[PDB]
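Trainee: Single-letter residue listing:
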Amino acid sequence: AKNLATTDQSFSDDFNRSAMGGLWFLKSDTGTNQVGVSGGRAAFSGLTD
Amino acid sequence: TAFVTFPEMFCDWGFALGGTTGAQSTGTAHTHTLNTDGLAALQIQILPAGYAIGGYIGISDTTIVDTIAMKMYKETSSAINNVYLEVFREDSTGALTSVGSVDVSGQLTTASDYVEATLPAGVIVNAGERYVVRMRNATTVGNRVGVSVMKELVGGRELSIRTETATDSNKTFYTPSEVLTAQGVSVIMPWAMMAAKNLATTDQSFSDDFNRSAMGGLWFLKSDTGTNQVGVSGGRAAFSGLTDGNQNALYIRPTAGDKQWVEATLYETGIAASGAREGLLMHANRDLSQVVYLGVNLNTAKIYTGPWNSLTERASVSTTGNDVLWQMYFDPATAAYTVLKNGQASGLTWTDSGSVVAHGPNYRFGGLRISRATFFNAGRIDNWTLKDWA
Amino acid sequence: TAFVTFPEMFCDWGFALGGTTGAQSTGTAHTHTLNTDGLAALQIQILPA
Amino acid sequence: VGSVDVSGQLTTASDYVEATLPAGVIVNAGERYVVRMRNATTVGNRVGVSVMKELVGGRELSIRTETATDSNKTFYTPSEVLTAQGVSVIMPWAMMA
Numbered sequence: 684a685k686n687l688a689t690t691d692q693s694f695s696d697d698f699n700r701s702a703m704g705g706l707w708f709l710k711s712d713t714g715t716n717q718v719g720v721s722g723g724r725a726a727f728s729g730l731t732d
Numbered sequence: 489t490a491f492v493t494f495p496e497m498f499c500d501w502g503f504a505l506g507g508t509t510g511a512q513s514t515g516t517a518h519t520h521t522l523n524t525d526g527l528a529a530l531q532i533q534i535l536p537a538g539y540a541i542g543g544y545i546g547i548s549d550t551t552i553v554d555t556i557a558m559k560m561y562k563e564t565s566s567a568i569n570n571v572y573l574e575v576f577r578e579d580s581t582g583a584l585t586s587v588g589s590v591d592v593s594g595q596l597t598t599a600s601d602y603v604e605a606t607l608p609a610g611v612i613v614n615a616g617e618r619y620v621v622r623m624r625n626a627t628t629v630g631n632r633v634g635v636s637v638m639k640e641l642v643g644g645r646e647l648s649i650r651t652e653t654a655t656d657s658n659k660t661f662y663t664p665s666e667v668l669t670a671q672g673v674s675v676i677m678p679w680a681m682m683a684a685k686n687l688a689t690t691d692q693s694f695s696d697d698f699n700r701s702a703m704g705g706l707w708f709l710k711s712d713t714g715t716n717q718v719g720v721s722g723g724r725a726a727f728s729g730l731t732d733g734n735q736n737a738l739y740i741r742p743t744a745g746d747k748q749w750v751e752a753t754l755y756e757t758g759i760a761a762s763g764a765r766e767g768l769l770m771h772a773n774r775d776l777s778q779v780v781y782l783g784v785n786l787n788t789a790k791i792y793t794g795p796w797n798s799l800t801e802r803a804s805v806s807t808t809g810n811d812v813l814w815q816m817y818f819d820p821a822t823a824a825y826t827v828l829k830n831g832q833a834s835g836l837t838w839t840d841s842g843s844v845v846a847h848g849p850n851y852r853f854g855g856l857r858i859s860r861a862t863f864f865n866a867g868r869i870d871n872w873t874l875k876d877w878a
Numbered sequence: 489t490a491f492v493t494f495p496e497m498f499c500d501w502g503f504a505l506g507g508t509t510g511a512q513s514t515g516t517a518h519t520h521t522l523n524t525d526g527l528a529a530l531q532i533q534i535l536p537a
Numbered sequence: 587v588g589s590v591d592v593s594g595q596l597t598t599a600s601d602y603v604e605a606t607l608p609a610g611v612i613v614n615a616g617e618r619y620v621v622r623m624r625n626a627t628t629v630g631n632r633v634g635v636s637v638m639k640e641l642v643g644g645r646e647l648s649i650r651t652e653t654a655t656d657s658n659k660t661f662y663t664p665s666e667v668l669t670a671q672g673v674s675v676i677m678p679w680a681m682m683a
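Protein chains in written order, with PDB author numbering: chain P, 684 to 732; chain G, 489 to 878; chain Y, 489 to 537; chain D, 587 to 683.
Fair warning: there could be bad hints in the mix.
BS3-like cross-link-like pairs, simulated, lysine-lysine; straight-line CA separation at most 30 angstroms [stated by the list, open to error]:
no. : chain 1 : residue 1 : chain 2 : residue 2
1   : G       : 747       : P       : 710
2   : G       : 659       : P       : 710
3   : G       : 685       : P       : 710
4   : D       : 659       : G       : 710
5   : G       : 710       : G       : 685
6   : D       : 639       : G       : 685
Hints were generated in silico from the structure; no laboratory data involved.
Produce the entire structure from the sequences given, and follow the hints as far as they go.
Mentor: Following this line, the structure appears as structure tokens:
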């Protein structure tokens, strides 16, 4: 399949699940807490600055 | 989930030889008979300090890498250090860029054993790109390192890199010219692995509108009728056939954890005659050894436990107008099951004080159940859904 | 993306032999020792028009 | 989770033997399954199985039991599984379709 008519990939996430999941590489300056999903919305986990 | 330069089964196993050899170099002409005592497998390549060897790794499905592995050992028992395993991404131009490295000299063993090392941070990979797992071995003491490789045959594609100078071994950003030179120089091909040991597992959820022609391969069907199973008609599941008995459909795809939430709408259940039991199944074994079942008739709704052959009633409640979108879920914080009718509490709750229900990897399957008796099929079901509520 | 009758890694590479052969056809009875000099790989078939 | 008798359809020539399970068994990605050949015959004729030799120093993932009780076992324990893995020296070819 040497050459294909490549489509334009598109993705969407409602963030309406329990955990962040493996579909998101997380990197934070806190050290332990990353972007956490709560109440169906992403937010800053932890009380750190 | 991982990617290997060539299947690990070759490193783990070998082929038995057979047949007959050919002519001799000198002496009386004879041909020896091959047998199982001859083994075809990977070879071992010793390598001195300052010599780096690596192989290209394909990416099948995109994910996040966490660790890398190689099959190697040390020749002598002397102390060693400065043994590095690193990962290089190949750009469009073919240049190699370092995206991670790790010291593995501490955990090395004299015996030929796997070496698995965690990267400092995750490196996202995508299907279609190529990666190289390089072993550096820039030690100071001088003990050599033996890596398990498999011999390459000339005349084919060259996709292994090998560098001898200490400068090239310590290089962290190879240019295309140096990559081509290393590919030309290289004669072996090492065994390398890029793994996905730990992932942030999601809460898997599934749903089916039951709006197709056949039952489909996404449902394991088991019934006491013998021949007929849950059949889809008019876009709704139903008890196929005129026989008296029970039918169950189990979703092939399991959920993530013990937290379960199943929901479906009950249709044509207010016209039932007597004893028509149908509804949803949660915490179902693959072999249906023990299940938690929600049975709704035209009069009431009950919760059942146990194998499909014989069910035990745990709780019951008398309701009316049972043609709505029923839901029922399990909270492991209190180990309790709660049923919500049309978004209302409906006062249906069971508490497992005795822990009669076992929760584990083999008890995360849901499904649907119908029963038919006395020439009156139970209601039909639609909009089936299972998920892991937060 | 492609489909192959058997993995191309065999077509590109080979295996190193090891072990020991069996009895000989004639002469003094002996068994040779296998080493990395023996290569196990696919063969080449000639074919006329 | 499933057993089948394949003595009737066996042939002296080395040929594939395919047997249907009594009922379907759902499987999921990430789990592991073992296809065990028992051979608890009464006449005493031996059975030859096509295997592929394993090399030492690698992972052990084949099971081999010798005693009749072990062969007739239905629910193995982790200790017995480890002992069988250590004892085994061959790896058989098995398919689940």
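Trainee: So, against the hints stated earlier in the document, which numbers end up violated here?
Mentor: Checked against the structure, the only hint that fails is number 5, while the rest are satisfied.
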